[PDB]
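**Student:** Residue strings, one per chain:
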Amino acid sequence: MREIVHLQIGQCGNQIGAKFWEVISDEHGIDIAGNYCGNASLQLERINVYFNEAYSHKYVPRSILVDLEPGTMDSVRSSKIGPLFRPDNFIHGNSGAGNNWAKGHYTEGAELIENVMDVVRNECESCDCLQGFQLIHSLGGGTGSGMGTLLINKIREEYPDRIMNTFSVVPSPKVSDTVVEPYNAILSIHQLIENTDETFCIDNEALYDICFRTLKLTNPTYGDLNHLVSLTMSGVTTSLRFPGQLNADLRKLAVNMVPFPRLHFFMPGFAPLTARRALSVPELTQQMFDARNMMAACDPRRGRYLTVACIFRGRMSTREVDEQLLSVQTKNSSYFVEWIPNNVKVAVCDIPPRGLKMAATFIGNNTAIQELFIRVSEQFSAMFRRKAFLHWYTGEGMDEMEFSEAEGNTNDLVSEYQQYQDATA
Amino acid sequence: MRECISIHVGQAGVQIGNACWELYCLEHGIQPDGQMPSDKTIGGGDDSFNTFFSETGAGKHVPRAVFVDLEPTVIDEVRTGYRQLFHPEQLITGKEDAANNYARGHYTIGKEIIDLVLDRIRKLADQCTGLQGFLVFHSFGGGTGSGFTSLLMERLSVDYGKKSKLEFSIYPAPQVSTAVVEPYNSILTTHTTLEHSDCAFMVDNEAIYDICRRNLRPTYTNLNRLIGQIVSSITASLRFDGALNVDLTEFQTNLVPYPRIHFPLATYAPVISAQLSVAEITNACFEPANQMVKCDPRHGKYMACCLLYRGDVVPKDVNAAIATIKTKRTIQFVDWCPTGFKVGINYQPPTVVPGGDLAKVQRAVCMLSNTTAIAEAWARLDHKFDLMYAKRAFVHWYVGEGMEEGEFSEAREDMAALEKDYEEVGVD
Ligand SMILES: COc1ccc(C[C@@H]2NC(=O)/C=C/C[C@@H]([C@H](C)[C@H]3O[C@@H]3c3ccccc3)OC(=O)[C@H](CC(C)C)OC(=O)C(C)(C)CNC2=O)cc1Cl
Ligand SMILES: Nc1nc2c(ncn2[C@@H]2O[C@H](COP(=O)(O)OP(=O)(O)OP(=O)(O)O)[C@@H](O)[C@H]2O)c(=O)[nH]1
Ligand SMILES: Nc1nc2c(ncn2[C@@H]2O[C@H](COP(=O)(O)OP(=O)(O)O)[C@@H](O)[C@H]2O)c(=O)[nH]1
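Here the protein sequences come in this chain order: Z and Y.
Residues 1 to 276, 282 to 430, numbered by PDB author numbering, are exactly what the first sequence covers, in order.
Residues 1 to 81, 83 to 217, 221 to 278, 285 to 438, numbered by PDB author numbering, are exactly what the second sequence covers, in order.
Simulated from the structure, these hints should not be mistaken for laboratory data.
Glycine included, every Cβ here is placed at the ideal spot set by N, Cα and C.
Where hints are given, some of them may not hold.
Think about it this way: if two alpha-carbon atoms lie no more than 20 Å apart in a straight line, the pair counts; the simulated DMTMM-like pairs of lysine to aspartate or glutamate are [what the hints assert, rightly or not]:
hint	chain 1	residue 1	chain 2	residue 2
1	Z	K392	Y	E433
2	Y	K60	Y	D47
3	Z	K252	Z	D197
4	Z	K392	Y	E429
5	Y	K336	Z	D177
6	Z	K174	Y	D345
7	Y	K164	Y	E254
8	Z	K392	Y	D438
A few chain Z positions that, by computed beta-carbon distances, are all more than 12 Å from chain Y [unchecked claim]:
hint	residue
9	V23
10	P160
11	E288
12	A428
Here are the simulated distance ranges between beta carbons [unchecked claim]:
hint	chain 1	residue 1	chain 2	residue 2	range
13	Y	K338	Z	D31	53 to 59 Å
14	Z	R306	Y	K163	50 to 56 Å
15	Y	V159	Z	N94	25 to 31 Å
One chain only, chain Z, in its complex shape:
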């Protein structure tokens, strides 16, 4: 099997990665000692993408936890999966950037990028073959977004023939109190447009909306958001973790879902979302394409699905799933582009996530993601027309033309998204 090297940057990336790894090791039947204890032979199949085989039946993850503060590493080690992770792969700085993108992109990210490049090269030179790199980080923070984009640039320079999959968390004002986050988000969006081929746009605004309306929980606690993003990430990666008709092993997913090198912003979603219950096919399908259910602040009625990869997990009849999805596609033919035929790919995995009898995960390159890049850009416009906190970033060697370049690139992306939405077959 091929090998993926997992990279987590920032405390948001570290926390969501720890919850995601716990969900995966519960699903794959791996204990805290790294030994297999599951009851299905499919769990041990395709395990080399994520878990490195150590001595004496020890399946440790190939995870590179990167941060600039040791408190996040201590919180990772204090959890249940702390001894499960590789202790040699821990990289932590002394001083955090603290919502400073320039400090994590030009000084401290630059001063730790040589060490993380040495760790990446040490992991990569032992690979029989490299499949790609999976990155999970937040676009609003200081070392998260900045060091993620610097790692993306260094990986693209070192390995130009490898895919770059990013679980970029777009910041939102409803859960984050820091005001300078549109600067970091727009700068990282401009870097991810030019130096990345895949992006899973998981938005905290839609997560707060889901926890407020669906789960009826007023408080947007970070544990519930961690659990929801971990469940959606497990449902997304069930194509890579298990063999099937739709393997979608990184490059295949990019060939199917990405028509253009700039318009590669996805929209993951999870239909049976329940906090810490009859489940059937048509209710899951009608919850699959709902605006409220999706984990990005978008309106799918205003956009067109360029590509859809709906994946079902559990014990279900495949004929009924195919009939229901064909009925959904024919009943809503105005919601899909007519110049890309057969854009809905369905795969069924027999192993559900633990705690759920059935699961339904959707990935989509909808045109409605340009509403998110209009919202973040218009919050960036209200923060750049009056130059709030501009002395911090421009004092680190960043030119003020960099913000104008990022704004122009995001406006060009919005213009191209609208232009390709207006075209019809």
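Based on these hints, arrange chain Y with the ligands on the given structure of chain Z.
**Tutor:** Okay, now just chain Y with the ligands, sitting in the frame of chain Z:
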């Protein structure tokens, strides 16, 4: 692991610094001779007062204070009425005063003494390994406290460009003023120290005098004690356990969005003669007559709020007080993620001077809030500056020390730009 070096310039700066260090020794339980009863068992630093107090080899807790003035009377007053507390090497005196002239303290009299003060600053900074910056104590009206402050800010911006420097200025008041050219000195030291100061807590003596008149003429001693209490509760969070605003970067980032707009406003509720609920003392922090700057915040828009509570205040009712404050339509925030009242609560009660001017209280509240209402004060100062420059009054006392005539027009242009930027912030 972190150090701060307090700098006091001028007679006002020296007296305010002496009162503040007396209150810091009172609040932390440090004996006046320098020893400590309880915390000297360890004998080392990093005990939450190492940001201000340094320990010598004999165990004496000498403060990291520099007292600079061009008149040695107040320095000898501190050295006599304290003497073993402050080392005589760090207390710099001067021979001739600048005598209510900015140019005298900035070009001729301060220039003959700036190198020794810089050498003493470097000598005190050599003992500091993780220092954050400096607290500049000065006054806008004087000659030393404007000219030497401006030259010191220029030298510290050239030599210490990786550090952030605060400011503790005294805004001039017509009730107690010893000079007529305080508008000239204040405008010139505002224009010179605009790019070299990052947080300026300018407090006028008119508000302190009115508070002492209506709650407690009162002399400079009562004003000094009240101002020392105000500054001690402003910087209470820096010398105590960490909730928020424990660093100079925290002060610069929680309140100062712009490179030029760095003038916060403080307001204090519990001034009683030597009970009161949390909701009313939170409401009294929004009263325009209890602010430390004589201005009306209701005509302007807020930018930030850092409510700091002292004493045994339960954090449950603070949010209810916040809700009752926010239900009123008086506060009109800005419209780019304005956030709200970032309350941090310190459980140590504040200590008052025994038999002084303020009674001991259990609930104390301070409102470090940025607004655009300081533009009224700067408009008053520029109106007084424009009245005394239409006929070129008092001009020759500055040109005789090497200052050019165009410096006044440059400071007028800078103050016009500051007023225009305050208006542009105030206009959506
Ligand atoms: C327009 O008026 C306003 C309205 C609301 C607010 C909200 C107000 N300020 C901001 O968000 C400003 C963020 C800019 C960055 C700047 C750009 C960082 O590079 C600076 C840096 C920091 C550390 C080390 C090196 C460099 O500061 C932060 O991230 C600081 C980190 C520090 C405390 C550790 O953290 C916070 O700010 C807190 C303490 C967590 C919360 N702060 C707030 O709620 C402010 C204003 Cl002025
Ligand atoms: N609140 C307060 N203000 C003071 C005190 N001493 C001086 N001032 C202020 O100082 C201003 C006049 O400046 P000066 O009398 O020249 O004193 P200075 O500012 O220290 O300047 P120099 O005498 O040259 O050192 C007045 O407007 C007062 O407001 C004080 O002890 N308390
Ligand atoms: N969904 C989710 N988002 C988070 C979580 N923690 C932080 N974030 C987001 O990440 C951003 C902060 O980035 P952070 O990782 O703290 O950057 P750093 O401090 O420089 O490492 C904020 O805007 C939050 O919205 C979490 O547990 N869940």
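**Student:** Next step is simple, just say for each hint if it's right about the structure.
**Tutor:** Against the structure, the hints come out as follows:
no.: 1; hint: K392/Z <-> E433/Y; verdict: 15 Å, holds
no.: 2; hint: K60/Y <-> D47/Y; verdict: 14 Å, holds
no.: 3; hint: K252/Z <-> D197/Z; verdict: 12 Å, holds
no.: 4; hint: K392/Z <-> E429/Y; verdict: 17 Å, holds
no.: 5; hint: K336/Y <-> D177/Z; verdict: 18 Å, holds
no.: 6; hint: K174/Z <-> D345/Y; verdict: 14 Å, holds
no.: 7; hint: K164/Y <-> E254/Y; verdict: 13 Å, holds
no.: 8; hint: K392/Z <-> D438/Y; verdict: 14 Å, holds
no.: 9; hint: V23; verdict: 33 Å, holds
no.: 10; hint: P160; verdict: 38 Å, holds
no.: 11; hint: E288; verdict: 39 Å, holds
no.: 12; hint: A428; verdict: 36 Å, holds
no.: 13; hint: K338/Y <-> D31/Z: 53 to 59 Å; verdict: 58 Å, holds
no.: 14; hint: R306/Z <-> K163/Y: 50 to 56 Å; verdict: 53 Å, holds
no.: 15; hint: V159/Y <-> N94/Z: 25 to 31 Å; verdict: 29 Å, holds
When the structure is compared with the earlier hints, no violation turns up for any of them.
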